[PDB]
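Using the hints, position chains E, W, B and D with the ligands against chain C.
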Amino acid sequence: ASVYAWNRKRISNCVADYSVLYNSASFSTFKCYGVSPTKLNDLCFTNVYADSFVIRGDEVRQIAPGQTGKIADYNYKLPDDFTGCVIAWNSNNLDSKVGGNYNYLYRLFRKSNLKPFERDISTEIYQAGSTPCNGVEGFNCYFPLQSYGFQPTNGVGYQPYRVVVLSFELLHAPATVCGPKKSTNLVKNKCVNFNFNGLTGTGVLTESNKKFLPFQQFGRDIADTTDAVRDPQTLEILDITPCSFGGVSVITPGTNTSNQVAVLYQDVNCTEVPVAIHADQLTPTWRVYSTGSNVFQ
Amino acid sequence: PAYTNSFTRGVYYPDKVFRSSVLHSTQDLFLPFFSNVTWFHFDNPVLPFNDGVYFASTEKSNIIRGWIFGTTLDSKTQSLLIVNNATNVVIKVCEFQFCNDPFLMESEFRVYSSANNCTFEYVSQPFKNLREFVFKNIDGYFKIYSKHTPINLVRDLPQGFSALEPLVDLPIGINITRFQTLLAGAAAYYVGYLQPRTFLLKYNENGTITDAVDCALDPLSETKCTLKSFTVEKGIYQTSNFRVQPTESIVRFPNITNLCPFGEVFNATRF
Amino acid sequence: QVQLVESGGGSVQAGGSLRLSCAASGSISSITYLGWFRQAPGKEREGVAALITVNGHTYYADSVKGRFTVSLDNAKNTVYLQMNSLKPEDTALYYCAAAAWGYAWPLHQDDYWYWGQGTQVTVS
Amino acid sequence: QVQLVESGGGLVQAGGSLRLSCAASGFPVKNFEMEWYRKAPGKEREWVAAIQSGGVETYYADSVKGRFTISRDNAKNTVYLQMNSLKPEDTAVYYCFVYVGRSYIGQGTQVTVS
Amino acid sequence: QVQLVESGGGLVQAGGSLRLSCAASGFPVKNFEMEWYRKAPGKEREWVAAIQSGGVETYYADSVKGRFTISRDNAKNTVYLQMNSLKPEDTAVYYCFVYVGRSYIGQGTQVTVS
Ligand SMILES: *[C@@H]1O[C@H](CO)[C@@H](O)[C@H](O)[C@H]1NC(C)=O
Ligand SMILES: *[C@@H]1O[C@H](CO)[C@@H](O)[C@H](O)[C@H]1NC(C)=O
Ligand SMILES: *[C@@H]1O[C@H](CO)[C@@H](O)[C@H](O)[C@H]1NC(C)=O
Ligand SMILES: *[C@@H]1O[C@H](CO)[C@@H](O)[C@H](O)[C@H]1NC(C)=O
Ligand SMILES: *[C@@H]1O[C@H](CO)[C@@H](O)[C@H](O)[C@H]1NC(C)=O
Ligand SMILES: *[C@@H]1O[C@H](CO)[C@@H](O)[C@H](O)[C@H]1NC(C)=O
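Sequence lines, in order, name chains C, E, W, B and D.
If you read the first sequence in the deposited numbering, its first letter stands for residue 348, the second for the next number, and so on.
Numbered according to the deposited numbering, the second sequence spans residues 26 to 66, 79 to 141, 153 to 174, 186 to 243, 261 to 347.
If you read the third sequence in the deposited numbering, its first letter stands for residue 1, the second for the next number, and so on.
Numbered according to the deposited numbering, the fourth sequence spans residues 1 to 52, 52A, 53 to 82, 82A to 82C, 83 to 110.
Numbered according to the deposited numbering, the fifth sequence spans residues 1 to 52, 52A, 53 to 82, 82A to 82C, 83 to 110.
Same shape as in the complex, but just chain C:
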């Protein structure tokens, strides 16, 4: 797009990852105002309108809140307390033809200052004196649409810095385009709290035996409790099981008869019981009643 015709384009109802922006190693003036660039992918905002121009690299640092200049006065202005990212990188290899890349004209002159976030287009010429121009170009006509000279012999400050503005405004609208959500791997046969794509709960992630039709995402059973789910990256059916729990039965024969105890663990497969009770937290007297030389089922 041009700076006279950077459209306020609506890209909506999709996702755009931003982690691929950092690692490709060509950014020049990648600047995120308001929100941190590290926390851009996980948390988003609404009003994700997008802008684009190949601005010249001499005054990219003039694009700042509370900073005017030439680009911020006659080309494009940030408002104060701006949330969003201005992302500049090198554009020497492709937007630079022989004899000067005269494909992007630019508005050099304007009668007043720009309001921020305004796309400026004009056909008429600048007025500076009292004598009006009669169509034929004269001494005070001052044609604003000059040309950026983008030659391959230009340096890194003279070659264009390709800016894109992922501006984040705040209006009463639903959010459309956000960054990606990071996911961990999946474990099996352990009592784990799980964060799926919409449902969360506590249980044991087990390998399944049934299968679904291709339009169920999850499933429940008698009396409305979730028992099955499918992962969204590999698409395999998975049944869940409730976690280990229950009671400890400890033999006492009465105070006057004896003192020592034996220990029974009801409704538990007792191979994971020092993970179950806090034997590493309690006394060493409690430590010898999570195991022993004799094991009976």
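Calculated directly from the structure, the hints in this document are not laboratory data.
Beta carbons: idealized from backbone N, C-alpha and C, even for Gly.
Please note that a few of the clues may not be correct.
Claimed, not checked - Residues of chain C placed beyond 12 Å of chain D at every Cβ, according to the derived structure:
#	residue
1	469
2	477
3	481
4	498
5	557
6	585
7	618
Claimed, not checked - Computed list of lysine-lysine pairs in DSS-like fashion (alpha-carbon distance at most 30 Å, straight line):
#	chain 1	residue 1	chain 2	residue 2
8	C	535	E	41
9	C	417	D	39
10	W	65	D	64
11	E	97	C	557
12	D	30	D	75
13	E	113	B	75
14	E	202	E	97
15	E	41	C	537
16	C	557	E	113
17	B	39	B	64
18	E	278	C	558
19	C	529	C	356
20	C	528	E	202
21	D	30	W	65
22	C	444	D	83
23	C	444	D	64
24	E	206	C	558
25	C	386	W	76
26	W	43	D	75
27	E	113	C	558
28	C	558	E	202
29	C	557	E	41
30	C	417	D	75
31	C	356	E	206
32	C	458	D	43
33	C	417	D	43
34	C	356	E	202
Just chains E, W, B and D with the ligands, lined up with the frame of chain C:
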């Protein structure tokens, strides 16, 4: 004219929840059992929406194309458009000027001439064929259920039990009163209207509904809904209650009739 | 909220090597970019070295290209500037800086930085 | 969700006139009391003007009574501040202030009088 | 406040030499980047040469590499441009440029090779 009834056809899953081998009682906008649906053919009438549309159609070739939705279908209210053709489907809402006679040798297009103020557009991928749909719009969300099944008879709707599975939920968010079915040979299409009813669903081992009863059709299905069973044993059962409603709501008050002297302070020659 | 302590300076002969260090304390996880500044006598403060903490990507100026090396140690939260094959034109005050709003190449003084105290490096 | 943004600043001379704005999002302005503060360089942050949440009463600071004008627009969700009879003692960055649960401060706009 | 004027123009033959000057005021030349442009009759305005603000890198256009030499004088606030191996394609009206807030364009000077 041309009214035919439904022999327990058009029961959909109310959600994506899989339930296996359990009897479940739901409450959503369903179709009542044994209700009249119309039959049309040449003919392209406009029909009201009326809180849910159940649709069925039997075809040999694709004579029916799609449907046009909206309130006024003129150049002051936005109207929805679905047109199906050869290699894609087209879903869009714009400001439409629909023709007085909308119709569509291999190609014809004279349904609208209006290309201003578009807001949304969406592209997806598409007697022998029986297509059954549900056209509903709840809280700005347009839900489509579908089932393709073969039917080979040219008289009426066949019987049998089959389910309807949801495909597209789309944030449209405009209001709908009428809709108009679009065509290009003659074909048939059935249109019914939904009603807020309470149903009881029987699930199999794989979670598809094999049979269902409606809880206001006859007292035996009322008994089946209250007992949560599909075979009801020999006995006497209590289902609900009833109360006679008041009719006139009469007003009695005494003889007011005391006659304050306001006539002298409303009719005198000197106050 | 971000504090930098710079050490490792000193005097060296022409053709020697030095290894500066800049130790960070405070909001470590907010730091996204570390740059090395240089203020020559009789010149403005310029930019020499660059390092992105997220990526490990490095950028170097043309006057230090092929001779200067920047390295990051996240265990000690200390960035390093390995300056090998030194010449007496590099006799200047060297400053380490921290950024938290992103990375910008080349370095400029007018942005928001967390400044160090600076050490003296003399090559003769 | 709540954010104040400020515009309308510029360079004026002694006795000039200007009009700022404080566009707000995420909350209606018929329910919260509104303020403005300013930061001169070398001086502390001092309160300028206030209108209450009902929109009935107006208040100002001691040196700016009779010369500054505060106005509110509930339709556009924007609060404006009017400059009359500007002196170079008011060379400051003007921040608009509101208490919506917790107080939020905008980045402000530089207004210089010279 | 800031003004550019170009002088030192003239008419030379094929193979002649010339040296122009661009007098500057209101700004120092050690802090901003300047550019040279020219306007041939019947052709659009084309960038000739430039010096950066640091004074380290010198740049020229593609058609004038190896023949032009640009230089600056920081004390006299004047930036010069030396012409060598002149062709009749370089018949143009030369302007010097600077971008300090507003772009400043001089009145131009005449360079004619015939
Ligand atoms: C403990 O008391 C019970 C009943 O009082 C008695 O049967 C038992 O023998 C006693 N044991 C001892 C060791 O005294
Ligand atoms: C208990 O767990 C062990 C460990 O795999 C297994 O071999 C055993 O069959 C389990 N017993 C019961 C009763 O679940
Ligand atoms: C359906 O229509 C027919 C004829 O119009 C009528 O006899 C029949 O009673 C209707 N069905 C119901 C359930 O009322
Ligand atoms: C387009 O539709 C919107 C919907 O509210 C309306 O506000 C606007 O005036 C319309 N514009 C034109 C040109 O019809
Ligand atoms: C549709 O019409 C009703 C009745 O006038 C109105 O309440 C509703 O807001 C309208 N919906 C839209 C989306 O305009
Ligand atoms: C006053 O007299 C007139 C004519 O006799 C009558 O129509 C009117 O009802 C009287 N006013 C009242 C309050 O009765």
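Hint check results:
no.	hint	verdict
1	469	17 Å, holds
2	477	19 Å, holds
3	481	21 Å, holds
4	498	6 Å, violated
5	557	71 Å, holds
6	585	62 Å, holds
7	618	73 Å, holds
8	C:535 to E:41	25 Å, holds
9	C:417 to D:39	23 Å, holds
10	W:65 to D:64	25 Å, holds
11	E:97 to C:557	38 Å, violated
12	D:30 to D:75	12 Å, holds
13	E:113 to B:75	26 Å, holds
14	E:202 to E:97	26 Å, holds
15	E:41 to C:537	27 Å, holds
16	C:557 to E:113	54 Å, violated
17	B:39 to B:64	18 Å, holds
18	E:278 to C:558	20 Å, holds
19	C:529 to C:356	28 Å, holds
20	C:528 to E:202	27 Å, holds
21	D:30 to W:65	25 Å, holds
22	C:444 to D:83	23 Å, holds
23	C:444 to D:64	16 Å, holds
24	E:206 to C:558	21 Å, holds
25	C:386 to W:76	24 Å, holds
26	W:43 to D:75	20 Å, holds
27	E:113 to C:558	51 Å, violated
28	C:558 to E:202	26 Å, holds
29	C:557 to E:41	17 Å, holds
30	C:417 to D:75	26 Å, holds
31	C:356 to E:206	39 Å, violated
32	C:458 to D:43	28 Å, holds
33	C:417 to D:43	26 Å, holds
34	C:356 to E:202	29 Å, holds
Going down the numbered hints, you'll see the structure goes against 4, 11, 16, 27 and 31, while the others check out.
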